[PDB]
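Asks: Spelled out, the chains give:
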Amino acid sequence: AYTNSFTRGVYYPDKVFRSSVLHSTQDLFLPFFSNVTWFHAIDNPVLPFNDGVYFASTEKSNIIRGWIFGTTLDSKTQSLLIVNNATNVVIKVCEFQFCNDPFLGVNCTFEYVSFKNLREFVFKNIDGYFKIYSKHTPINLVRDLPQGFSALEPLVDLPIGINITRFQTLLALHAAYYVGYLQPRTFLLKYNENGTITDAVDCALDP
Amino acid sequence: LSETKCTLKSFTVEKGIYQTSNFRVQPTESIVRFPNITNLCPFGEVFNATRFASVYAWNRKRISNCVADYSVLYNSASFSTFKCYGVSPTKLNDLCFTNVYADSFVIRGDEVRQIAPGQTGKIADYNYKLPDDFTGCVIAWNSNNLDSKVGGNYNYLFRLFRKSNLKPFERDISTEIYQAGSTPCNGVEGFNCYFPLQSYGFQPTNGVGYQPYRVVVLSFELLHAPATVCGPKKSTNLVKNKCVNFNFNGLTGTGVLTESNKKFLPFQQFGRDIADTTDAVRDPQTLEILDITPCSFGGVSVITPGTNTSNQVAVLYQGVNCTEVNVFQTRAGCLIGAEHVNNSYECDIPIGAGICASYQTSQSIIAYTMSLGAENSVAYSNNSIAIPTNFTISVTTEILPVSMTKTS
Amino acid sequence: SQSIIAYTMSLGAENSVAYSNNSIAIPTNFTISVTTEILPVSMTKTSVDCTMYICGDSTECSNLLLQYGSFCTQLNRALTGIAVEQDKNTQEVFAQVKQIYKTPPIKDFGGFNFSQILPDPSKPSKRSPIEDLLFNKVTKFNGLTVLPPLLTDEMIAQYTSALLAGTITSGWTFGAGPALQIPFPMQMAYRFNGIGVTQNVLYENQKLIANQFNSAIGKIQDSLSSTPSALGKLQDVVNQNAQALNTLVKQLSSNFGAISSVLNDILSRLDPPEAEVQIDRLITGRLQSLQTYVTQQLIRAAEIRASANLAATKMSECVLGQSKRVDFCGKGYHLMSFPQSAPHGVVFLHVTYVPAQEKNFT
Amino acid sequence: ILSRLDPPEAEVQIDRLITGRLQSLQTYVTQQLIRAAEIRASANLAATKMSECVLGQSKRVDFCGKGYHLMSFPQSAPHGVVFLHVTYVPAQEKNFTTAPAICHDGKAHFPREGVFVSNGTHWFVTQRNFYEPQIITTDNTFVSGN
Amino acid sequence: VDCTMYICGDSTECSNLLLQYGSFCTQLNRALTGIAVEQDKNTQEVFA
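Protein sequence lines correspond, in order, to chains G, W, Z, V and D.
Counting with the deposited numbering, you get residues 27 to 68, 78 to 88, 91 to 143, 165 to 172, 186 to 245, 263 to 295 for the letters of the first sequence.
Counting with the deposited numbering, you get residues 296 to 620, 641 to 676, 689 to 735 for the letters of the second sequence.
Counting with the deposited numbering, you get residues 689 to 827, 854 to 1076 for the letters of the third sequence.
All residue numbers for the fourth sequence refer to the deposited numbering, where the first residue is 980 and numbers rise by one.
All residue numbers for the fifth sequence refer to the deposited numbering, where the first residue is 736 and numbers rise by one.
Isolated chain G (complex conformation):
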């Protein structure tokens, strides 16, 4: 009922260069080489966020173009819609009380400024600044994730303040995203000679 992500879910907690050294730290993490959530909702569940959520979308032809992260829809606080044109970020909500989920006819869609392709994301928000992580690797097994090792890095720290718990996304006019709740754990990391993470070890897995 619970697979392993194997070596998935490793990101730089802070960012200070090191070389040919071994470092350890404690922070919120998805547990390593453990009872990872093979989502036994049986693969596309919808769940709240709590303290942390890991994300990994299985999208290849951009069947779903725009992620929507609503939280409560209480008409009061906000719902930030960030769709990126690789140059800009939309800061808008589509909230003046029009419908929220549109459909493909073959609910406002305006824009503003700010498996050979694996898009993986970690959505962590730090006292206003939202840490957004990304990567791009190819795979061959069409069914599930591989056992390989990779490193994940963040992109931006945009400072406004907004939470994201209970959301669902779709397109506009004209997946097995494993919700891995972040948990506090102590980890050891391995740095190569070039300042690139190459290995990691969980401490509480086994003696």
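Simulated from the structure, these hints should not be mistaken for laboratory data.
Take these hints with a grain of salt, some might be off.
[Said to hold, decoys possible] Quick list of in silico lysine-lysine cross-link-like pairs, DSS-like style, CA-CA up to 30 Å:
| hint | chain 1 | residue 1 | chain 2 | residue 2 |
| --- | --- | --- | --- | --- |
| 1 | V | 1073 | Z | 795 |
| 2 | V | 1038 | Z | 1038 |
| 3 | Z | 776 | W | 304 |
| 4 | G | 113 | W | 356 |
| 5 | Z | 964 | G | 41 |
| 6 | V | 1045 | Z | 1038 |
| 7 | V | 1045 | Z | 790 |
| 8 | Z | 776 | W | 733 |
| 9 | V | 1038 | Z | 786 |
| 10 | Z | 854 | Z | 776 |
| 11 | G | 202 | W | 528 |
| 12 | W | 417 | G | 202 |
| 13 | Z | 776 | V | 1045 |
| 14 | W | 733 | V | 1028 |
| 15 | Z | 854 | W | 535 |
| 16 | Z | 854 | W | 557 |
| 17 | W | 356 | G | 129 |
| 18 | Z | 790 | Z | 814 |
| 19 | W | 356 | G | 206 |
| 20 | D | 776 | Z | 1045 |
| 21 | Z | 786 | Z | 814 |
| 22 | G | 202 | W | 557 |
| 23 | G | 113 | W | 417 |
| 24 | W | 529 | G | 41 |
| 25 | Z | 964 | W | 537 |
| 26 | D | 776 | Z | 1038 |
| 27 | G | 41 | W | 558 |
[Unchecked claim] Over 12 Å on every C-beta distance to chain W, these chain Z residues come out as not near it, computed from the model:
| hint | residue |
| --- | --- |
| 28 | 707 |
| 29 | 719 |
| 30 | 723 |
| 31 | 728 |
| 32 | 755 |
| 33 | 809 |
| 34 | 922 |
| 35 | 957 |
| 36 | 1010 |
| 37 | 1040 |
| 38 | 1047 |
| 39 | 1064 |
Built from N, CA and C at the ideal position, the CB exists for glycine as well.
Starting from the known structure of chain G, fit chains W, Z, V and D onto it as the hints suggest.
Replies: Just chains W, Z, V and D now, kept in the frame of chain G:
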């Protein structure tokens, strides 16, 4: 010579070598060389907005590329409190810091001093994914005449007392509830059901903390290998190969900035070494990486014979290159006041690295190399043997301690 | 199919001896063997500045630190004592010879080949091939300093070579008086007579003895080259001091009563006379961390002194002469001894005599 | 700490002094412990030396002085002891040709104790620490082998 | 002897407050185990 006399608390110094003090290369100047973003906008238009777009539809804007007479506001030096414990005092004042946030509220004037986590309301209970990310020493202030009006802004709220436990700084816009209830009154009264409304009173005689403000927005990042963002100041030209006090990206120190070779990935904030000290910093204008090397220092040792007959002395510097301060250079350090000869004797006064000095004839201290002793060889052959014929007697002497005194 | 299993101790094999009132055994053949042991001799030397390490070069720190006393001043003397003691031991152990001797050009020693042990003039460092293997197998500034030793491996090798040349040429005579030459087989006959065997036996088996000795000399080098785990006694001494220094350095990054550690954020943004109860507790805590390290160094040096004394006695007794003490200069009966230098240590080579075969008699 | 200032402000001050005066004792006692610890080993060495070099004669090389040991005498001193060693040393040497063994009548001979030394015209047998020539004779030699 | 439980008596507050000092009790345990190991070395070496 007189320093040794002071250090020995005596008027007669015997033959030998002694240590007096530690010589430190004096820091010459101080340099502040920060990277250039050519703009310092977000202090006047950001901190005090005029119109406040609804938080529910927040419209960010990259407020930058402007210059004004901002020095008027912050030219004052009335910053008093620095109380945030643990850290030792030396070198904060030149930090370019990252994170700042607060709230602006009509807090129920009965509670002025309870701005703390653990409350309800659209801003207090549920807005944001907030960890336990506390880095910095708190900032707060008041402003009445320039911006606000007496009476308050009815937007956001904090508290300390509700019907049950409030939802403590899971300030997470979701409507999750921390449940501490047993039975519902369903909005109607009866047996053991308090009145949900209460009379606190809109009075001017209560606390003043029912008054309006607004808080700030600032964008700064933490990153790994060369970016080009943090510096506000008119920066001097960087002085290479000089032991000066520096100031880069927030942290100061004294040393020499040199050329590096570490190939990198362009998302920097700061670089550090193995021993928790800073290894290398990054170019202010360009994408280059600069190193940091601490300035020199070392102890001072005095070499001299006894003062019974001679007054001349000499000085030794340990572990310092000679060019950085008669002069002679040795692997043990820099030697001053000695003469180098082409001869070998046995040791008189030890120095180090197989070098010994002595007072010899006109008379001065001279340094020479080790000499183990005389050489000998014996004619060996397959049919030779030596035999003694006469003998002698000799007597020696040895000394050994046995005990000492007893006290209580 | 392998797994971890537990078992009960066994003290070894069993043996039985045939005893009677009129029986006796006696050996007939013999053999030669060579052993090896390693000892440490000295220890690294360091120094530390007290005031700069504690205060971090703050006048507002120094002007109140002096209120306390001269404890760090006497700590300097405490360290200086060990600094001198190291060189005392190093000089004393190797300074037992007064004059330098050298090998005759021609190596005619009755079939005994000493190539593996004699120095090689061809190499830039005039060392034996065994010494080369020994060298190969053996592998910030916050007021801490490292001082170079007075003596160097260059003259250490000279002392060892002089010792070997003197003994191989004059036996034990030079250990008490002037050097007297003597043929090598004659000296070996003296040793054999001293062990309690008539000297004609040596004359009747010289060819076999030389072959056995040469074979053992070749064998030992390969054994040492193959087995790398014999130098742990030298390794751990360095490792412990290295680890202790990093522990001391890292102790600077500690909170020590107040809520954090680092050394930057009380003076420049605060009104001046505001942080007594913090800086005083911090300086007291930081100072307290020093005497522990000092005590550890004192204890370790005290043990090292005893080790050095034992090594000096062993060399002075086994090398310069022949020992009658059992199991002192190696297992079995003792004949020869050859020393070799090593980084912060010394290696001895023993030569032993062992009976081989048996036979029953009445 | 005796006669000069009020309790409710001085009790929070005297404690600092009393706690500052104690580590000064602690360090002193540790120092004395270490010094006594090494003095004990020195004393044991001295006792062993006296036992093996005074009451008898020692064969260990370079133990009771330099050279061949003969006798010893002790002397007392404040907080210590002093030894007087007596030694024996040779001082004059010569040398001639030698030989390991002698053949006569087809039978080999070996010296019972000593060496064979020739002056160039005659052969003599002598001990190994003092020179005096003896006539080679069968009472000081034994025969073995061919 | 265990440093943490002996000092704090199994209190979370004491435990987290203790971290503002360092890890000296770790090297205390290291020294204790070091002497404990050497005891067995002596006992084996005398009779072996």
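Asks: Evaluate each hint against the coordinates.
Replies: Structure-based check of all given hints:
1. 1073/V x 795/Z: 25 Å, holds
2. 1038/V x 1038/Z: Holds. Residue 1038/V to residue 1038/Z sits at ~9 Å (cutoff 30 Å).
3. 776/Z x 304/W: Holds: residue 776/Z and residue 304/W sit about 27 Å apart, inside 30 Å.
4. 113/G x 356/W: 21 Å, holds
5. 964/Z x 41/G: Holds: residue 964/Z and residue 41/G sit about 21 Å apart, inside 30 Å.
6. 1045/V x 1038/Z: 19 Å, holds
7. 1045/V x 790/Z: With Cα atoms ~24 Å apart, residue 1045/V and residue 790/Z stay inside 30 Å; holds.
8. 776/Z x 733/W: Within the cut-off at roughly 29 Å; holds.
9. 1038/V x 786/Z: Roughly 23 Å between the alpha carbons, so the hint for residue 1038/V and residue 786/Z holds.
10. 854/Z x 776/Z: 29 Å, holds
11. 202/G x 528/W: Since the Cα atoms of residue 202/G and residue 528/W sit roughly 28 Å apart, the hinted pair holds (cutoff 30 Å).
12. 417/W x 202/G: Holds, at roughly 23 Å.
13. 776/Z x 1045/V: 20 Å, holds
14. 733/W x 1028/V: Roughly 26 Å separates the two Cα atoms, so the pair holds.
15. 854/Z x 535/W: The hint holds at about 22 Å.
16. 854/Z x 557/W: 20 Å, holds
17. 356/W x 129/G: 11 Å, holds
18. 790/Z x 814/Z: 13 Å, holds
19. 356/W x 206/G: It holds: about 27 Å lies between the C-alpha atoms, which stays within 30 Å.
20. 776/D x 1045/Z: 20 Å, holds
21. 786/Z x 814/Z: 21 Å, holds
22. 202/G x 557/W: Status holds; Cα separation ~27 Å.
23. 113/G x 417/W: The hint holds at about 7 Å.
24. 529/W x 41/G: Judged against 30 Å, a Cα distance of about 27 Å means the pair holds.
25. 964/Z x 537/W: Roughly 29 Å between the alpha carbons, so the hint for residue 964/Z and residue 537/W holds.
26. 776/D x 1038/Z: 28 Å, holds
27. 41/G x 558/W: Roughly 16 Å between the alpha carbons, so the hint for residue 41/G and residue 558/W holds.
28. 707: 48 Å, holds
29. 719: The claim holds: residue 719/Z sits with its nearest Cβ about 27 Å from chain W, beyond 12 Å.
30. 723: 28 Å, holds
31. 728: Holds: least Cβ distance 22 Å, greater than 12 Å.
32. 755: 18 Å, holds
33. 809: 16 Å, holds
34. 922: 20 Å, holds
35. 957: The assertion about residue 957/Z holds, with a minimum of 14 Å to chain W.
36. 1010: With a cut-off of 12 Å, residue 1010/Z remains clear of chain W, as the shortest Cβ separation is near 21 Å.
37. 1040: It holds; residue 1040/Z is separated from chain W by about 28 Å at its closest Cβ, greater than 12 Å.
38. 1047: Consistent with the label, residue 1047/Z stays out of reach of chain W, its closest Cβ about 26 Å off (over 12 Å).
39. 1064: 25 Å, holds
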